[PDB]
Amino acid sequence: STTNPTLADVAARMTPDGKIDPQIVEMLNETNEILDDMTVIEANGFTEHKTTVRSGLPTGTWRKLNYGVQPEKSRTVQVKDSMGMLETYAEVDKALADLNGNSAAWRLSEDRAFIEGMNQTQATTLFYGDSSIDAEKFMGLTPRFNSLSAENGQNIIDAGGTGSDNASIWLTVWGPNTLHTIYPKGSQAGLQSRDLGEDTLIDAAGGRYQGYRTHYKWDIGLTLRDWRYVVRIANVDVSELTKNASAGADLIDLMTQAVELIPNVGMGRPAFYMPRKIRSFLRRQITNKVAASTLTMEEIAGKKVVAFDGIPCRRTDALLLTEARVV
Amino acid sequence: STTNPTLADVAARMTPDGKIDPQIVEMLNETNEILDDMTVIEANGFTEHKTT
Amino acid sequence: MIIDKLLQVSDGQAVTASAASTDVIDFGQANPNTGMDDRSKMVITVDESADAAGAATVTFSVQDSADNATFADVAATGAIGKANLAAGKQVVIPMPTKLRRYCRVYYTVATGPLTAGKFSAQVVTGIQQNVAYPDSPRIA
Amino acid sequence: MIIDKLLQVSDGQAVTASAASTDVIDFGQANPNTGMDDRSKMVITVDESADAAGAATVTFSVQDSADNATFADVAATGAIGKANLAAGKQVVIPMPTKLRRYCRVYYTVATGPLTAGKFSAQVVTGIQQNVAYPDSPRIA
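Residue numbers (the entry's author numbering), protein chains in the order written: chain A, 5 to 331; chain F, 5 to 56; chain L, 1 to 140; chain M, 1 to 140.
Keep in mind that the hints were calculated from the coordinates and are not lab data. Among the hints, erroneous ones may be present.
[As the list claims (entries may be wrong)] Here are the simulated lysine-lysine pairs, PhoX-like style, with alpha carbons at most 20 Å apart: (1) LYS189(A) with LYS247(A); (2) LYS281(A) with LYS247(A); (3) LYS5(L) with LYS118(L); (4) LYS77(A) with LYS5(M); (5) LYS98(L) with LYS5(M); (6) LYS82(M) with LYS82(L); (7) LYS98(A) with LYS77(A); (8) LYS118(L) with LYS221(A); (9) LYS98(L) with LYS82(M); (10) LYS189(A) with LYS54(F); (11) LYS89(L) with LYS98(M); (12) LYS82(L) with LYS118(L); (13) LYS293(A) with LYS247(A); (14) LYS77(A) with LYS23(A); (15) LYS308(A) with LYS293(A); (16) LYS308(A) with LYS281(A); (17) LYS281(A) with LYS293(A); (18) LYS89(M) with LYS118(M); (19) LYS118(L) with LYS89(L); (20) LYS293(A) with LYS307(A); (21) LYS247(A) with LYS221(A).
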């Protein structure tokens, strides 16, 4: 009936008059950037990264002379967090890649496209990866900060929104002891494009129908050592945002209060992560707040947002714009 | 009824496949600083500090 | 959360009446006793939610058998209520310390019957569980 | 099996009715959550035997509470039969993953009332569990 999916006979769709077309315009790629900014250390447990995290301090006592006071005990619970493997093979019939001499040119353009699809999913799953939903995937930044009731609920700042159409801004601090990704011992991080070599295949019929194959493993999960270093600005109604910091939620304060929420950004490095929609309204609103003060003729449009606190403000496409309200 | 506390067998609670967890994430510590900023001088009376 | 495709049981099963899991894990031995790995553990994850006429509870329970014929509980949870089975809730059962060949998952649904709700049961090593912990809590 | 003087609960309680344990473990936090420890586990030992009018079962089960007052079961075993409770039978409950302050052990006795049988509950790391396994079994 329907017959897929090895890369076949529409290598014709990827050439000019000639060899594989180098200047193919990557339409579908989106350049969200958590992947560059995140730090990675090998997860320590068998398939989790266990973490002992302090639950209680000893309180001490004032003692009157000649009178021994009770000993104290520092209580401390642990929390572990898992991984998920994200991988695909990419087989091509060997004859198809070799012809018109484009074995490596083809292998390459299909490779670039792979790396791109992989960053796309790793990045969307890093924010909305539920392990209780997806079963398979590691759990991301939601819904670790989901309910306002969770004991780290104070770290999510309610934008004051409602309706179904609403974003969130993230602010993290990526570093070995506050928030990082983890890869297993010892499958290494982060995205291994291993080339399997040419190898024989089998026809559905049975003949050798012999060809290539490429692996693209990428297995990461996500340790949030302590939520104190991560803040969520949830329920930010996107329709109600206006450039005049007027209707809806002001970003410049919703963002500064986010900055004040982190206990001393000391290590390693913080970052804001917002949908491009937000980045645009953040920009408009900043030039608008300064407008009531001192903005020049030439800086009317405003310097594009780079470092807010300064903390880098990294654009992330792979970030849902109409997410259901979190209350 | 309820039994405790000097240091119940929850050293288990602080370890990996292995030894005591060094990188423990210090949660309930807060960064208040008078203690750093405060001045300290020996008190002058016997166990009080008189001031005219 | 890593998953062995073979230990996966009840992929996204609509548990409406008090029923058993679809799939049954057959270990290749009379007594795997996989609680002793002190690492394997059952998980029942939730989607989308425990909608029912209510108020109903779902007591998840692991069952062994000598042969794949009659099951018996070797682990249980207690009556987990509806409105604790929102999309996204790992209800963990530590692996019973004494397993037999052929383990399955029973969903003892206290009345009335659930109108909607899928569940994912599988043995993993081990869970993704990162509960939020206190702060001061004096400030703030 | 090494033991914490404090994690000992119900030392040798002559459980005759379906009663709760003598002592209640008080952890010093809202959420000890010692199931995540992947090491703690409750053990209930039996002596001398669950002799009763019969046929009776004792469902051992752990309970949490916010405060030392109202409990709810967080893990259970199932109806372990009489004559599966001779002197020297550990029924191990791996520790529930989501504990609260104040844990205790309940002995849910199905009718009739037990006439003789103590049970000893304590949290250990870890159980002494060594069941014998087959050999060939051809030889011999």
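Now for the hints, and whether the structure bears them out:
no. : hint                     : in the structure
1   : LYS189(A) with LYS247(A) : 48 Å, violated
2   : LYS281(A) with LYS247(A) : 12 Å, holds
3   : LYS5(L) with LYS118(L)   : 18 Å, holds
4   : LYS77(A) with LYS5(M)    : 16 Å, holds
5   : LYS98(L) with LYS5(M)    : 27 Å, violated
6   : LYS82(M) with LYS82(L)   : 34 Å, violated
7   : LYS98(A) with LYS77(A)   : 67 Å, violated
8   : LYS118(L) with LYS221(A) : 30 Å, violated
9   : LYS98(L) with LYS82(M)   : 17 Å, holds
10  : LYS189(A) with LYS54(F)  : 65 Å, violated
11  : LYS89(L) with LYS98(M)   : 12 Å, holds
12  : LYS82(L) with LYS118(L)  : 13 Å, holds
13  : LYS293(A) with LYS247(A) : 10 Å, holds
14  : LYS77(A) with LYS23(A)   : 72 Å, violated
15  : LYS308(A) with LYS293(A) : 15 Å, holds
16  : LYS308(A) with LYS281(A) : 13 Å, holds
17  : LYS281(A) with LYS293(A) : 18 Å, holds
18  : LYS89(M) with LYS118(M)  : 11 Å, holds
19  : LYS118(L) with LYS89(L)  : 11 Å, holds
20  : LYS293(A) with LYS307(A) : 14 Å, holds
21  : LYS247(A) with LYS221(A) : 43 Å, violated
Hints 1, 5, 6, 7, 8, 10, 14 and 21, counting from the list given before, are not met by this structure.
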